[PDB]
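**Q** Please work from the sequences and hints to get the whole structure.
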Amino acid sequence: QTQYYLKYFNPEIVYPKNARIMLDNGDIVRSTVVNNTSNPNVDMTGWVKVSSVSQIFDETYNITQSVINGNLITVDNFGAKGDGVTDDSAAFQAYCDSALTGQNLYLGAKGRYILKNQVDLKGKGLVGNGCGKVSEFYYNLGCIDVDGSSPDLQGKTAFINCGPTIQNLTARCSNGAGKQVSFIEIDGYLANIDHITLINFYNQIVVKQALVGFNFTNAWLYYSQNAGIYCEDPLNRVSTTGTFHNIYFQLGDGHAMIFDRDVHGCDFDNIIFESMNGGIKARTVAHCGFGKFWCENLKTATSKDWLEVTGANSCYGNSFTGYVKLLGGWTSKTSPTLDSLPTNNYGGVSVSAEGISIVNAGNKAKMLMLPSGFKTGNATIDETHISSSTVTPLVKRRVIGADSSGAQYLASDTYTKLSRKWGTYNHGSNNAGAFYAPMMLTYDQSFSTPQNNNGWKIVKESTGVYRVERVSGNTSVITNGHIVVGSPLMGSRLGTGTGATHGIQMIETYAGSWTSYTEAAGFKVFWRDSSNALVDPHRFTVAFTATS
Amino acid sequence: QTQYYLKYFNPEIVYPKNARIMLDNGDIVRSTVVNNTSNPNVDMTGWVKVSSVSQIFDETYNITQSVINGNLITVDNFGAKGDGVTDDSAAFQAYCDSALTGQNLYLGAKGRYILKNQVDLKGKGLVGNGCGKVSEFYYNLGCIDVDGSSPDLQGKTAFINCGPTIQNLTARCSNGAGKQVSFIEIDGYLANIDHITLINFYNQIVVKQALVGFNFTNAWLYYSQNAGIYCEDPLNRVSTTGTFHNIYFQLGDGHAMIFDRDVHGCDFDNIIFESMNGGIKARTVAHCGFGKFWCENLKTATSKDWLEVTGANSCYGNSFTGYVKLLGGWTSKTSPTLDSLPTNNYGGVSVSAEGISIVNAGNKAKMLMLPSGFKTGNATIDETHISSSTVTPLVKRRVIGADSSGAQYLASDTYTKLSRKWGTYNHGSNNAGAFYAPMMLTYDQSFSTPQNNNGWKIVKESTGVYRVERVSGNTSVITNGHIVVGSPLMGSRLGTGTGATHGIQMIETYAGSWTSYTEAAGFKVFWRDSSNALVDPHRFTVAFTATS
Amino acid sequence: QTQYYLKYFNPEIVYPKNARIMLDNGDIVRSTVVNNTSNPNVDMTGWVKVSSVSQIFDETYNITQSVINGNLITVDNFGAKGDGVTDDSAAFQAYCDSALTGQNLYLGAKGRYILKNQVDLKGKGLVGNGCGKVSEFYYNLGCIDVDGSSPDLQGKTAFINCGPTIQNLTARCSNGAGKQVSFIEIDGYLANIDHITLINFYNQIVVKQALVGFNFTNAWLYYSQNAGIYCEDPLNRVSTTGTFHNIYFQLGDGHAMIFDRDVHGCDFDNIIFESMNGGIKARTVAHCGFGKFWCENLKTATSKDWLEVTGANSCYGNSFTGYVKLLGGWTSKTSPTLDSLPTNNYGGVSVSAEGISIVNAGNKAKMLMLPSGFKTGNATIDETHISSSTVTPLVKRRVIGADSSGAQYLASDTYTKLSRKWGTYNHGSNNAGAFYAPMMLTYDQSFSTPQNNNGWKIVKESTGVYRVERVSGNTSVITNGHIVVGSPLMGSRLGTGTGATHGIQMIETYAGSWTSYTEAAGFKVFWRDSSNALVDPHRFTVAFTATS
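Going down the list, the protein sequences come from chains A, B and C.
If you're matching positions, the first sequence starts at 1 in our numbering and goes up one per residue.
If you're matching positions, the second sequence starts at 1 in our numbering and goes up one per residue.
If you're matching positions, the third sequence starts at 1 in our numbering and goes up one per residue.
Keep in mind that the hints were calculated from the coordinates and are not lab data.
It is possible that some hints are incorrect.
Because identical chains share one entry, a pair is satisfied inside a single copy or across any pair of copies.
Said to hold, decoys possible - Restricting the straight-line Cα-Cα distance to at most 20 Å, the calculated cross-link-like pairs of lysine-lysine (PhoX-like) are: (1) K17 / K7; (2) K49 / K17; (3) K396 / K364; (4) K122 / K110; (5) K460 / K524; (6) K116 / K81; (7) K396 / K460; (8) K49 / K7; (9) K17 / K281; (10) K281 / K208; (11) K304 / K281; (12) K179 / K156.
**A** So, in structure tokens, the structure goes:
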């Protein structure tokens with residue numbers, strides 16, 4: 001009054017419904033009741049503040065601005081400044097303690113949020129305001145900036161009790177060298193971590209308990225002092241089913257990842273180690289998948305394995321199925337071309353352009369396929385059936401030429417207990433053929449015991465008459481076989497040089513077995529001198545086959 | 001009265017531009033025109049409500065709060081309470097029917113949003129307010145909570161006509177046991193589903209039509225009654241190019257995934273089945289990739305395959321290239337070590353620490369590489385050229401020792417139509433050498449037909465004279481070959497035991513072929529008794545080579 | 001003027017603290033100072049506008065609406081209309097130039113944002129308002145719509161200097177056919193691109209410099225005129241460590257991806273080419289991973305390789321470890337079954353249901369494993385040790401039958417410098433056995449030089465007496481060997497047909513070596529006629545072994 005509007009509360013006045021006056025601070029209040037005689041400066045019953053968002057409406061929706069302000073709540077709602085100077089830890093904590101906030105903590109649109117004290121997320125996840133490059137340009141636009149010089153953070157993790165989300169985040173530690181300040185603690189059971197950039201800290205990601213259903217992707221993890229990702233697993237729960245994809249570890253003083261204990265069934269792919277002092281370290285790595293790794297340079301170390309498994313025979317069952325690039329000091333115990341050890345191999349299948357190989361932890365056996373053919377780690381190559389119960393022989397087929405139409409002809413071999421052959425075929429005359437590796441067997445009267453081949457031995461029956469005979473228990477037979485008798489050493493083991501002439505006679509299995517069915521138990525060799533008298537060589541060879 | 005501000009409309013007054021009065025409800029209006037005589041209680045032409053966000057400005061931008069309220073719109077804008085009690089289905093529908101809303105439906109920051117009626121998304125995608133763990137703690141902070149006890153949802157899907165996005169979402173069905181309430185229907189063509197947690201429901205994800213360009217990742221799918229993901233494909237369009245990564249299926253009464261029909265070119269990786277009653281089931285699985293699976297325990301079943309393909313020879317072309325962990329009843333038809341069947345194999349390549357194998361659906365053939373060597377499923381191993389047209393022989397090289405420098409010496413074999421040899425070398429004297437598997441061929445006058453090896457047979461020419469000769473059509477030759485004659489059976493097939501002495505004579509291909517060029521068609525064998533008289537054995541063997 | 005509220009500034013009046021009056025435009029101002037005599041129409045010192053959000057409070061937080069409006073800032077804050085008509089480029093630029101905005105540029109909830117001029121993102125990333133299907137329905141709800149008919153955009157990229165984020169975005173170019181308008185330029189070092197849909201444009205994604213730590217996933221890239229993704233790398237920095245997953249390239253006039261130069265250590269998986277005119281093209285592709293590709297139809301081309309590498313021997317070290325589906329004209333140079341070339345193979349390991357193979361770029365060698373066995377590209381298969389220094393022989397073991405318990409019996413072979421054998425065993429009599437490939441060696445007086453096998457030759461000592469002897473430098477020995485003498489050609493090279501009878505005598509290495517220890521240097525062959533007189537064959541064979 002008169003030429004401006006201003007009226008303060010007057011205890012003599014009765015204010016009607018909708019009457020407006022000013023509080024002593026100048027803010028306008030509106031009476032919501034008839035006959036209002038209450039002083040709004042001490043009692044707001046029957047009054048509302050007109051500048052409150054509960055009294056402001058969006059006519060598009062016919063709701064209050066108060067309701068619209070529930071759409072997105074951030075740390076800015078709780079007084080966070082994000083100004084690169086002011087400690088926002090209390091505001092972050094108030095956010096996490098509030099009944100109004102959702103599953104995650106959110107940053108405001110723009111801000112470098114300083115934290116000088118530990119924040120207990122109380123099970124809330126963490127969502128930032130962008131996943132930036134490792135530069136001041138991005139830190140100034142949007143990040144969490146933990147004050148590593150703060151005495152209350154020394155030896156501690158900046159965020160504890162994180163929920164199942166860390167995403168869309170840039171977070172650094174400033175002035176924390178030597179202070180062992182780690183960034184965030186998150187439980188290993190059920191996590192999605194994606195699109196993060198972490199800078200400095202001791203341990204960047206501290207996994208609590210053990211991995212299970214833990215997914216981690218698209219992370220730039222720079223300058224950690226101890227580890228990018230650390231999992232102590234103090235109760236030895238055994239980590240499983242963790243995925244680690246698209247991670248760039250750069251210029252860390254320690255390792256990329258440290259598991260103090262055991263990891264099973266985890267997957268690692270498209271990982272970069274650039275100037276780290278260690279790759280992935282674990283006690284036990286079992287049935288894990290490893291894809292592409294790019295390992296280039298070491299910070300201060302001279303030589304490090306990209307994967308370091310400390311337990312004896314504790315690296316096994318793995319799939320090393322991406323190329324591992326090694327430059328500037330990195331080594332590998334998983335290459336297909338690596339020679340096997342008798343024990344403590346990094347067990348698994350290894351597949352890359354280097355080779356296709358497979359090895360177990362506790363044995364020398366290793367097979368490798370290369371463009372040239374095959375290599376073995378134990379000087380042995382087995383060929384058998386997939387079924388352990390099948391006891392048939394194998395047949396090998398091999399291209400040896402063409403048939404008359406010009407198509408490839410694959411010839412079949414034979415390798416049974418009784419026969420070794422390699423098939424062939426004459427397409428001119430249309431006849432099968434074969435090449436033979438016969439049984440060879442030598443008689444020598446100077447042997448302490450008779451030589452035996454496959455259940456046959458040679459014995460003297462009488463002067464000039466020798467039996468190539470079956471020993472007890474040999475029930476196998478010769479069927480239509482080939483027979484060659486070798487050269488005699490006469491008179492002594494050295495031989496005199498005199499000769500002799502041989503003939504043979506078959507030994508039947510039953511009466512008529514040979515005559516009628518070309519089945520024989522064995523055969524006799526008869527030796528005679530130039531006067532056709534029976535004579536005894538000191539030593540002689542025979543060669544024969546058990547089939548045609 | 002003059003001690004407070006309150007003036008209602010008066011029809012006798014002319015209100016100037018910018019004059020303020022109160023509506024009968026107490027809200028202030030401002031005249032926007034000169035000479036205003038319109039009653040704002042019945043006609044707002046020429047007036048504006050001052051408490052509207054269209055009349056409130058952010059001076060930082062010189063725009064109205066109305067404009068700023070277009071940045072993010074959620075179901076809260078349409079009256080959703082998210083209070084764990086109130087049915088918000090009408091508010092969700094209003095959101096989807098609004099001209100103001102964008103591609104997706106969004107939840108507000110905090111809320112447990114109850115739905116008691118089906119929501120038609122009208123092509124909008126769905127974005128939640130967090131991907132939480134499977135616990136009341138997260139449901140209370142942020143989720144959709146479908147009332148499965150609602151009669152209007154029995155046997156139906158809660159959300160229909162979903163757009164190409166489902167993300168950042170926690171959704172449960174409460175009190176829906178036995179009511180067959182499914183969560184969401186989404187078209188198979190062009191989808192991105194990521195970072196979701198779904199709890200209960202009959203089918204959690206209902207795919208409409210068939211997959212193509214369908215990407216699904218980072219999902220915790222717990223307690224489904226029938227399937228985590230169901231694709232009927234009623235028109236048999238054939239699903240393709242679907243990706244399924246980082247999915248944790250736990251404690252479902254049915255399967256993880258059910259395809260009633262056919263799936264081609266899809267990828268499955270880092271999947272967990274924990275206490276399910278079934279894995280992935282399909283009619284046909286063709287040219288799909290399968291990576292790491294962790295399969296642990298069954299809910300009520302005793303034995304289930306992790307992958308179940310029902311069609312005969314309908315599992316083929318696949319890549320089973322991650323380790324499949326099997327615990328507590330899970331089985332597999334895809335292990336590298338599994339024996340092949342004559343038909344209905346789960347066709348594909350299988351690569352893990354268990355082995356490297358390859359098999360087709362409709363045939364017994366299967367090759368397996370292990371640390372020890374090789375195993376075959378059909379008792380056969382072929383060795384040939386990659387080209388089907390090449391008809392040269394192969395050469396196998398094998399390490400047999402060292403050369404004089406101490407380097408590995410790989411010796412070469414020979415396997416042609418006419419020669420079987422294994423090479424060697426003497427590095428002391430610097431001479432090549434070889435081991436031989438000769439052709440063997442036996443004459444027997446008791447044979448019904450002459451024995452033939454590779455186009456050669458033995459025939460009697462005259463008393464004591466035999467030709468080892470080429471049959472009609474055999475145009476192959478012996479070049480500088482080795483010849484051994486075997487032992488004679490005289491007088492009868494059994495043999496008398498008398499002997500005989502042999503000599504040979506070559507059979508030339510043309511005049512001088514042997515004498516000048518060591519080429520022969522064959523050779524004659526001459527047999528004589530101890531008086532040097534020509535004599536006829538009943539049966540005898542020869543062994544010879546076609547090369548030196 | 002008593003029946004409404006309106007008072008303008010009066011220079012005669014002294015306004016107390018909290019007094020309210022109207023500016024000449026009608027907006028209310030409140031005095032913040034005592035004794036206020038300043039005209040708020042020309043000087044706002046000592047006054048505040050009551051309709052400003054700095055003067056509106058959310059009592060839930062006790063903060064101003066101004067603070068809450070810092071939670072999310074979009075292009076709408078800078079006057080963008082998103083109305084499908086108005087050019088918003090100036091608003092987008094103002095956003096990027098503002099001190100108030102964070103790491104990324106954001107779109108408002110709903111809008112089709114027209115851009116007629118280039119926007120310089122100034123290092124900000126780009127976040128849209130949804131990743132939609134390729135349809136007007138989604139463009140109308142939320143997208144960037146670049147006006148390709150704008151002369152100022154011809155031959156240019158619409159967005160330059162993008163930060164490390166492109167996500168949640170739909171962007172099209174309208175009316176740009178032939179105008180070479182590209183969408184966005186982003187640096188190759190440190191990027192996360194995900195959940196995007198791009199429609200038309202010349203190059204959709206223009207990578208500046210070279211890839212490193214570049215992650216790209218979940219993209220629908222339709223109708224590009226030249227390339228979905230283009231990387232010039234003008235300085236030949238060499239691209240590395242880029243990931244390209246879940247990309248659907250459809251109906252482009254050019255290629256999916258074009259690298260003008262070199263790519264190392266990159267990963268490509270779950271990619272679709274549908275009616276493109278080219279796949280991935282690069283100069284050099286080194287140590288890259290390729291997973292599943294679905295290649296179906298060409299737009300106007302007749303035949304195209306899914307991967308096209310132009311440099312000679314510049315495709316090497318790769319992993320082709322997913323199935324590549326080829327339909328409607330697409331071809332491949334990476335199939336396991338493809339025959340090798342002598343040079344310019346697409347080098348790498350290839351693993352799918354088609355086969356398991358490995359090949360290098362610059363050599364014919366290629367090994368392939370199939371269900372049937374093995375195939376080689378160079379007519380050769382090697383078998384050796386993984387270690388290059390090991391010089392022992394190998395032993396091959398092969399199933400040939402069963403032992404007496406019915407278990408598989410694997411027999412061992414022998415292949416040394418001196419011995420070729422295949423083992424067997426008689427489980428009836430419990431005796432080992434063997435099949436033999438002996439050394440064969442022929443004497444021929446018509447040879448210009450003696451035949452030598454493995455350091456042994458045959459020489460005439462005297463009439464009828466021949467030495468099978470070691471040549472100079474052969475220090476190897478026969479130990480308990482088998483000896484077979486072959487058939488004599490008498491009188492001439494052709495032979496007369498007369499015979500002869502042989503005997504042998506060993507040649508010792510030292511006195512008693514044979515007699516006592518069965519060690520020999522060689523052996524003599526003695527030939528005699530039917531009168532027992534020494535005689536000289538023209539030619540004869542021997543066969544012997546160096547071991548028993």
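**Q** The structure should be examined with respect to each hint, and the outcome stated for every one.
**A** Hint by hint, here is what the structure shows:
no. : hint        : result
1   : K17 / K7    : both (16 Å within a copy, 11 Å between copies)
2   : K49 / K17   : both (14 Å within a copy, 18 Å between copies)
3   : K396 / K364 : between (27 Å within a copy, 16 Å between copies)
4   : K122 / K110 : between (24 Å within a copy, 15 Å between copies)
5   : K460 / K524 : within (10 Å within a copy, 25 Å between copies)
6   : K116 / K81  : within (13 Å within a copy, 37 Å between copies)
7   : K396 / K460 : neither (40 Å within a copy, 36 Å between copies)
8   : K49 / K7    : both (15 Å within a copy, 19 Å between copies)
9   : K17 / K281  : neither (73 Å within a copy, 69 Å between copies)
10  : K281 / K208 : within (17 Å within a copy, 36 Å between copies)
11  : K304 / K281 : within (11 Å within a copy, 36 Å between copies)
12  : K179 / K156 : within (9 Å within a copy, 50 Å between copies)
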